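**Student:** Using the sequences provided together with the hints, build the complete structure.
One-letter residues, chain by chain:
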Amino acid sequence: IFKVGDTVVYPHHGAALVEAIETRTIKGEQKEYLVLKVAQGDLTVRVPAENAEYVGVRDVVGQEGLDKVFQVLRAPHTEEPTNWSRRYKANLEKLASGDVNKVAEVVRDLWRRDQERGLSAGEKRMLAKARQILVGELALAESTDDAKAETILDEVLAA
Amino acid sequence: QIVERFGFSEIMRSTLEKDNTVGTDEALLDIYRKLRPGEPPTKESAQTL
Amino acid sequence: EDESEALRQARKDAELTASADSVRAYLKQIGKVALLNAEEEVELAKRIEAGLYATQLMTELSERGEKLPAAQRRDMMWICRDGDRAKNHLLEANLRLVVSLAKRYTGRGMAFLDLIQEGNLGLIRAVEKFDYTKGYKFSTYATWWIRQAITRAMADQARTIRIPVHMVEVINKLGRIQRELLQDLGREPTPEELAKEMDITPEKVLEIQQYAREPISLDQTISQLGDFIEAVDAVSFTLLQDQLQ
Amino acid sequence: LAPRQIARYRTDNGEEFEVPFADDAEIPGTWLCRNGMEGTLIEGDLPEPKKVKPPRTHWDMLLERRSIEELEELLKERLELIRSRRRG
DNA sequence: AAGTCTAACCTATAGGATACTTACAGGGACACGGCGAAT
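Chains as they are written, first to last, in the deposited numbering: chain M, 2 to 160; chain C, 247 to 295; chain F, 206 to 427, 433 to 440, 447 to 461; chain J, 24 to 111.
Please keep in mind that the hints were generated in silico from the structure rather than gathered at the bench. Don't take every hint at face value.
Stated by the list, open to error - With a straight-line Cα cutoff of 20 Å, these simulated PhoX-like cross-link-like pairs (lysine-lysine) come out: (1) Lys99(J) / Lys251(F); (2) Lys342(F) / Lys90(M); (3) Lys130(M) / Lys103(M); (4) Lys90(M) / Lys125(M); (5) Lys409(F) / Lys378(F); (6) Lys292(F) / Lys334(F); (7) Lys378(F) / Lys125(M); (8) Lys334(F) / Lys251(F); (9) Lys280(C) / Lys217(F); (10) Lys130(M) / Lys401(F); (11) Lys264(C) / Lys280(C); (12) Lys103(M) / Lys125(M); (13) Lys280(C) / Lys233(F); (14) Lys125(M) / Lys401(F); (15) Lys272(F) / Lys237(F); (16) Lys409(F) / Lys289(C).
**Tutor:** Structure (structure tokens):
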């Protein structure tokens with residue numbers, strides 16, 4: 002699944018690091034829990050290797066995904082009605098899904114609508130959080146000075 | 247069980263005769279009715295309570 | 206033991222008790238009533254709208270209208286009564302749900318039963334503006350209206366010092382942000398953090414905090435406070457008027 | 024004291040009512056008395072209160088979200104159902 | 001300086017639609033109610 006020190010994408014948390022796979026003989030079987038660490042508060046997760054793919058253990062997308070999401074965020078004309086509830090729930094679901102393209106589409110939409118008027122309080126926090134995770138995975142895929150990563154993200158997003 | 251565990255104490259055999267109640271289910275019914283006025287008694291609820 | 210009879214006679218005798226707890230009492234007032242079926246609720250709403258149209262048609266034709274037939278009049282009056290009883294039954298079915306969602310704002314501000322009744326009013330407004338043309342669950346639409354009503358009433362009746370609804374909104378917003386900021390950082394957030402968070406000058410947070418303050422009952426103990439709460449000038453004013461004399 | 028008089032009204036339940044003012048003022052058309060509801064003069068003026076239409080009513084709520092034809096259809100359906108119930 | 005004349009701000013009302021159905025001492029005294037003989 003992964004060796005020691007690999008980089009892993011575990012949504013909705015995003016980037017994480019694996020250190021080992023301790024096989025906890027609990028339940029009479031050595032549960033190959035891949036010990037994993039995150040960056041938010043150094044939380045530790047023990048994911049069974051038997052169902053690692055089920056819980057969402059995966060890798061950062063290659064540059065093909067990067068160019069695909071570049072095209073996705075370049076695309077205008079994403080419409081929306083007057084209300085707020087529809088987009089709020091939609092972006093909640095698509096951010097909880099641990100996807101790269103849809104998070105980019107929703108963050109682009111929210112960026113442009115904020116730049117137009119300025120919406121609310123908590124949606125600014127969600128915009129920030131989405132931008133942070135996108136920058137983190139971009140730096141992870143490119144290893145490109147995450148401050149530089151967010152600067153270039155802003156540059157391409159502004160277009 | 248109560249009688250055999252205690253074959254000597256007059257007070258408790260007197261209580262057994264004068265308890266005027268028969269059945270563990272009936273005892274639970276009485277206990278539930280007393281401790282839960284207004285509640286429709288039922289045996290599983292009585293034992294769990 | 207179901208039809209054990211005795212076992213149900215005990216239940217009936219227990220149903221006829223004094224009982225003084227009002228929250229328990231209302232728990233049993235809706236106790237007698239049951240739940241509802243979605244499609245049954247659709248038909249209920251249909252009957253409600255039909256009876257409503259009937260009564261308004263009566264009111265419109267009441268002036269310079271027509272001498273309606275006895276059978277027609279009887280049937281339309283019956284439809285109107287059926288609609289009223291239908292909405293009563295619908296509300297009776299929904300009392301359980303509104304109670305179940307009103308139990309989540311207890312322990313604060315006002316009485317739980319008070320929350321219940323304000324939620325009941327919100328429920329009446331929800332049925333007042335319920336649309337079943339798409340045919341979705343009534344409860345999901347309702348929750349928004351009941352929560353709206355109870356939040357309104359909480360805001361209007363929270364404190365002895367009346368504050369506008371906008372201020373209730375900014376205050377509970379301030380409290381929520383304060384709580385989560387403590388949860389993340391663990392250090393007391395400075396007022397300037399809130400000032401920049403909401404994009405305001407360094408005064409709004411102070412005023413909002415001062416409004417948020419709860420009055421302290423003069424009744425207290427340690433002896434109540436009211437006892438310990440606070447002739448030169450009066451004598452002087454009389455003397456000065458005389459001095460002018 | 025200042026030249027002062029008393030303005031005259033009457034509340035709806037008969038009781039003739041009265042509240043003081045100064046002579047130099049407008050004796051208003053309307054006043055909320057001590058009993059607790061609005062009243063007006065028995066003197067003239069008669070400012071024609073002209074009450075506003077009610078905030079809201081269940082009918083107009085159904086109006087902005089429904090029309091006449093489908094409600095007529097529901098009314099007819101109920102009518103024929105009840106007619107079958109009574110006489111068949 | 002109140003009397004206008006001008007230009008904001010603030011708030012009671014209202015409105016949005018997955019789903020969710022039963023909370024959380026002690027003492028004296030009197031009045032409301034067990035146990036027994038009589039008709």
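**Student:** All hints, please: hold or fail.
**Tutor:** Outcome of the hint check:
This hinted pair checks out: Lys99(J) and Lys251(F) have alpha carbons roughly 12 Å apart, not beyond 20 Å. At roughly 18 Å between alpha-carbon atoms, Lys342(F) and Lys90(M) fall within 20 Å of each other, so this suggested pair holds. Using a Cα cut-off of 20 Å, the hinted pair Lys130(M) and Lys103(M) holds, with the two alpha carbons roughly 14 Å apart. Between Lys90(M) and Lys125(M) the CA atoms are separated by roughly 15 Å; this keeps the pair inside 20 Å, and the hint holds.
With a C-alpha separation of about 13 Å, the suggested pair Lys409(F) and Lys378(F) falls inside the 20 Å cut-off, and the hint holds. With a C-alpha separation of about 12 Å, the suggested pairing of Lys292(F) with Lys334(F) holds against the 20 Å cut-off. Distance hint between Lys378(F) and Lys125(M) is fulfilled; the C-alpha atoms sit about 14 Å from each other, no more than 20 Å. Only pairs whose Cα atoms come within 20 Å are accepted, and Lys334(F) paired with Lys251(F) is accepted, the gap being roughly 13 Å.
Our distance criterion of 20 Å between C-alpha atoms is met by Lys280(C) and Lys217(F), whose separation comes to about 14 Å. As the CA atoms of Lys130(M) and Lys401(F) are separated by approximately 18 Å, the hinted pair is consistent with the 20 Å bound. Under the criterion of a C-alpha separation no larger than 20 Å, the hint pairing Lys264(C) with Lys280(C) is consistent with the structure, at around 19 Å. Proximity of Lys103(M) to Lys125(M) is assessed by CA-CA distance (about 18 Å); at most 20 Å being required, the pair is judged to hold.
Proximity of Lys280(C) to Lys233(F) is assessed by CA-CA distance (about 18 Å); at most 20 Å being required, the pair is judged to hold. Distance restraint check for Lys125(M) and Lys401(F): the Cα-Cα separation of roughly 13 Å lies within the 20 Å cut-off, and the hinted pair is therefore satisfied. Proximity of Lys272(F) to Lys237(F) is assessed by CA-CA distance (about 43 Å); at most 20 Å being required, the pair is judged violated. Simply put, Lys409(F) and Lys289(C) have alpha-carbon atoms about 61 Å apart, too far for the 20 Å limit, and the pair is violated.
Hints 15, 16, counting from the list given before, are not met by this structure.
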